[PDB]
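Student: What follows is each chain in one-letter form.
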Amino acid sequence: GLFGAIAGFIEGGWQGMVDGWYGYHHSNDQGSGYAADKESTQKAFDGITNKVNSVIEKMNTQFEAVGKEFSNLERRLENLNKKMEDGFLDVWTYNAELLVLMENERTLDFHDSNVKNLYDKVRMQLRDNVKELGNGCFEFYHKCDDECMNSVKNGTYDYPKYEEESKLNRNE
Amino acid sequence: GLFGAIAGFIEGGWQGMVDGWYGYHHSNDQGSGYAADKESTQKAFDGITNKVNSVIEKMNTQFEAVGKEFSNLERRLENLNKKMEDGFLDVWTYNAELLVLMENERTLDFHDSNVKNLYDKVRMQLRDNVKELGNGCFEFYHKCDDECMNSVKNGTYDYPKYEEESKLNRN
Amino acid sequence: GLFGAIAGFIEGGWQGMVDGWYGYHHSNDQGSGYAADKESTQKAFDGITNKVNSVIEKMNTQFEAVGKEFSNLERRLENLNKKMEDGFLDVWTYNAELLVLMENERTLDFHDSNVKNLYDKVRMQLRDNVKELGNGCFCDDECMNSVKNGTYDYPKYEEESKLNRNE
Amino acid sequence: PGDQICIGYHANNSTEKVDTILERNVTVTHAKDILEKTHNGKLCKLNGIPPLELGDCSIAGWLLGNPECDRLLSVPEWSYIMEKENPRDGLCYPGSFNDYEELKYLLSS
Amino acid sequence: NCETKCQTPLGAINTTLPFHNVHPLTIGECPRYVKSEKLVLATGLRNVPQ
Ligand SMILES: *[C@@H]1O[C@H](CO)[C@@H](O)[C@H](O)[C@H]1NC(C)=O
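As given, the protein sequences belong to chains L, Y, C, G and W, one line each in that order. According to our numbering, the first sequence is numbered sequentially starting from 1. According to our numbering, the second sequence is numbered sequentially starting from 1. According to our numbering, the third sequence is numbered sequentially starting from 1. According to our numbering, the fourth sequence is numbered sequentially starting from 1. According to our numbering, the fifth sequence is numbered sequentially starting from 1.
Errors might be hidden in some of the hints.
[Claimed, not checked] Derived pair list, reagent style DSBU-like, types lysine-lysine, alpha-carbon separation capped at 30 angstroms:
no., chain 1, residue 1, chain 2, residue 2
1, C, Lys83, L, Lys68
2, L, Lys121, C, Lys121
3, L, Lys161, L, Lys83
4, W, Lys5, Y, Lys58
5, W, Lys38, G, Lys17
6, L, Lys43, Y, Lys51
7, Y, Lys167, C, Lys51
8, Y, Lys143, C, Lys131
9, Y, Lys38, L, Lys121
10, L, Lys131, Y, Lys131
11, C, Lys83, W, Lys35
12, G, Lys37, W, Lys5
13, L, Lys131, L, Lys38
14, Y, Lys82, W, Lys5
15, G, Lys32, W, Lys35
16, C, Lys51, Y, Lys58
17, G, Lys104, W, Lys5
18, Y, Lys82, L, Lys68
19, L, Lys161, Y, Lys143
20, Y, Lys58, G, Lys37
[As the list claims (entries may be wrong)] One side only, chain C facing chain G, incomplete, derived with CB under 10 angstroms:
no., residue
21, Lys68
22, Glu69
23, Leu73
24, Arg75
25, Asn79
[Claimed, not checked] Sample of chain G residues lacking proximity to chain Y, with all beta carbon distances greater than 10 angstroms (derived):
no., residue
26, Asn25
27, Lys32
28, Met82
Don't read these hints as lab results, they were simulated from the structure. Note that the Cβ used here is the ideal one computed from N, Cα and C, for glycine as well.
Please work from the sequences and hints to get the whole structure.
Tutor: Here you go:
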């Protein structure tokens with residue numbers, strides 16, 4: 001991508017991830033499951049709706065088309081009219097097409113950056129208690145129950161609690 | 001936000017940091033110190049001013065509508081005039097506003113990128129003589145003076161000086 | 001600049017790197033070697049050519065100028081012709097100028113992000129078998145030329161490099 | 001523990017909200033209004049030279065010389081003209097002015 | 001008894017902003033009229049409290 005997360009170090013996404021746009025896949029001693037993240041999904045939803053609402057509001061019930069008729073000695077004036085309506089037709093088309101292309105691209109990248117930002121947040125939370133596999137997964141140096149997992153997902157990972165255990169497992 | 005420094009891993013701002021936009025806070029023995037980076041803040045000022053100057057320089061044409069008056073027998077002409085003035089009006093409104101929206105985004109993202117890049121400059125300079133806590137601070141594995149600090153903030157850090165020392169204190 | 005690689009942690013360019021835009025420099029025993037990455041440099045080319053083709057294809061929804069003439073008794077009408085043509089002249093100028101600028105900026109950061117993603121690819125590949133110097137630098141003309149096509153057996157060199165690391 | 005360096009950015013007391021495409025009401029350190037919405041409400045001179053105040057006279061009323069517009073019999077440079085909407089004093093003797101809107105245009109140069 | 005370089009029907013204008021929203025019918029050297037209530041340009045960063 002541009003942030004290199006989507007179709008980058010994380011090669012493809014999860015058809016089993018359905019409850020949101022971004023999130024987790026854990027596999028510990030208890031369970032094994034996909035679970036989407038609340039905050040990053042809501043924030044991106046909030047973002048994109050604001051984006052599309054800010055698209056349907058910027059070209060709105062104004063620039064009109066009264067028709068006009070002209071004689072056969074008003075050929076200049078007739079043309080002048082054509083060139084003006086076509087002119088502004090061309091302009092608004094170009095504006096709309098460009099708008100769509102640009103905002104698309106920025107949308108894609110927005111997701112990309114969003115994902116990375118998630119990975120980076122969990123990463124810099126876990127530190128060296130875990131192993132960076134390079135695939136967008138972390139291999140725990142300790143044991144993480146359906147609880148230590150929930151302590152990661154909501155940004156409440158106690159590093160010092162599992163610090164020494166992961167250490168003893170790491171130097172070995 | 002997009003680069004995730006601002007309102008991200010560096011959770012909040014520094015109301016005491018007021019000599020610039022970005023910068024440092026060293027907390028050694030000799031003292032503490034909010035102290036702004038020079039290079040990054042300057043470059044960020046130069047970019048932004050360059051930007052708004054490039055915004056006021058883009059919508060500066062003229063002159064008048066020359067203002068015309070029409071008969072009760074030329075009402076298509078009068079409307080054509082009207083349609084073309086409102087027409088241009090709407091175009092220049094959209095253009096001005098969208099430009100505003102877009103360059104606002106890109107501006108905030110620019111600060112974000114700026115901060116991150118800085119933190120990445122410091123991190124890749126220090127290397128493993130420190131603990132990347134991830135609140136946006138570093139914890140040293142050695143003694144860093146108002147002299148070793150004020151050597152990091154100007155790009156110069158003898159890694160293999162403190163290498164063995166920090167390797168020892170690390171283990 | 002925005003991604004921090006170009007004129008950033010990779011301080012400067014390589015005037016001998018001339019088989020592509022980006023790429024590597026390996027320096028083991030067997031030799032040295034400026035050697036451009038393929039994938040990333042090809043993908044940049046496609047996206048840049050796709051962009052300028054996408055700019056030439058957007059200002060061709062065009063025109064042929066029918067040029068009118070008016071008496072000394074139709075002056076408002078002449079001005080209305082004038083003002084219209086000048087008005088659209090100004091609009092297409094703006095769009096054109098503005099597009100150039102913005103797509104200039106985005107091209108630059110596109111390269112930046114390209115290079116940084118490359119470096120991040122090699123970095124998350126090697127893992128801790130190397131020193132991440134942070135000048136943008138970090139094995140046979142065979143182990144090298146294995147990394148530069150995405151293939152690197154980490155648990156091969158794992159125990160050897162763990163050894164040489166600690167002494 | 002640690003000797004320690006930190007990386008951070010400015011914040012302040014600024015309540016100046018701006019908008020972007022993704023967001024609204026976004027509070028920032030530094031902004032710049034680039035759209036003027038204030039005048040004085042007075043009608044002034046312009047590059048020093050004062051406009052031509054027609055008052056209760058129309059352009060014909062002036063150009064012909066309706067006696068109620070006798071002030072206008074001699075007139076210095078103007079920078080622009082201020083004519084009212086339906087000026088009282090125009091064609092005293094009633095009638096018509098041919099191609100008036102084009103004369104009215106000619107005066108604008 | 002005043003003075004200006006930009007002149008609306010409703011008032012007169014000193015500014016160096018690149019836009020106004022007063023009246024379209026201006027005379028003299030003026031900023032570009034727009035139908036906007038606001039145009040605010042972010043120059044600084046986000047104000048996030050600690
Ligand atoms: C914000 O800070 C400035 C000084 O930098 C001060 O002048 C102002 O009073 C402060 N705002 C308020 C209302 O506290």
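Student: Against each hint, give a clear statement of whether it holds in the structure.
Tutor: Consistency of the hints with the structure:
{"no.": "1", "hint": "C:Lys83 <-> L:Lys68", "result": "20 angstroms, holds"}
{"no.": "2", "hint": "L:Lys121 <-> C:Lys121", "result": "19 angstroms, holds"}
{"no.": "3", "hint": "L:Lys161 <-> L:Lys83", "result": "74 angstroms, violated"}
{"no.": "4", "hint": "W:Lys5 <-> Y:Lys58", "result": "21 angstroms, holds"}
{"no.": "5", "hint": "W:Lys38 <-> G:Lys17", "result": "11 angstroms, holds"}
{"no.": "6", "hint": "L:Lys43 <-> Y:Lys51", "result": "28 angstroms, holds"}
{"no.": "7", "hint": "Y:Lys167 <-> C:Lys51", "result": "50 angstroms, violated"}
{"no.": "8", "hint": "Y:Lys143 <-> C:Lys131", "result": "23 angstroms, holds"}
{"no.": "9", "hint": "Y:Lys38 <-> L:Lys121", "result": "28 angstroms, holds"}
{"no.": "10", "hint": "L:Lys131 <-> Y:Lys131", "result": "16 angstroms, holds"}
{"no.": "11", "hint": "C:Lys83 <-> W:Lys35", "result": "20 angstroms, holds"}
{"no.": "12", "hint": "G:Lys37 <-> W:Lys5", "result": "16 angstroms, holds"}
{"no.": "13", "hint": "L:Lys131 <-> L:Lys38", "result": "25 angstroms, holds"}
{"no.": "14", "hint": "Y:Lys82 <-> W:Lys5", "result": "26 angstroms, holds"}
{"no.": "15", "hint": "G:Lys32 <-> W:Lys35", "result": "19 angstroms, holds"}
{"no.": "16", "hint": "C:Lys51 <-> Y:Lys58", "result": "23 angstroms, holds"}
{"no.": "17", "hint": "G:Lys104 <-> W:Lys5", "result": "23 angstroms, holds"}
{"no.": "18", "hint": "Y:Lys82 <-> L:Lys68", "result": "14 angstroms, holds"}
{"no.": "19", "hint": "L:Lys161 <-> Y:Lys143", "result": "27 angstroms, holds"}
{"no.": "20", "hint": "Y:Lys58 <-> G:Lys37", "result": "20 angstroms, holds"}
{"no.": "21", "hint": "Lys68", "result": "17 angstroms, violated"}
{"no.": "22", "hint": "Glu69", "result": "17 angstroms, violated"}
{"no.": "23", "hint": "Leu73", "result": "7 angstroms, holds"}
{"no.": "24", "hint": "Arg75", "result": "6 angstroms, holds"}
{"no.": "25", "hint": "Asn79", "result": "8 angstroms, holds"}
{"no.": "26", "hint": "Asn25", "result": "12 angstroms, holds"}
{"no.": "27", "hint": "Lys32", "result": "6 angstroms, violated"}
{"no.": "28", "hint": "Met82", "result": "13 angstroms, holds"}
Figure legend: structure checked against the earlier numbered hints; hints not met, in rising order: 3, 7, 21, 22, 27.
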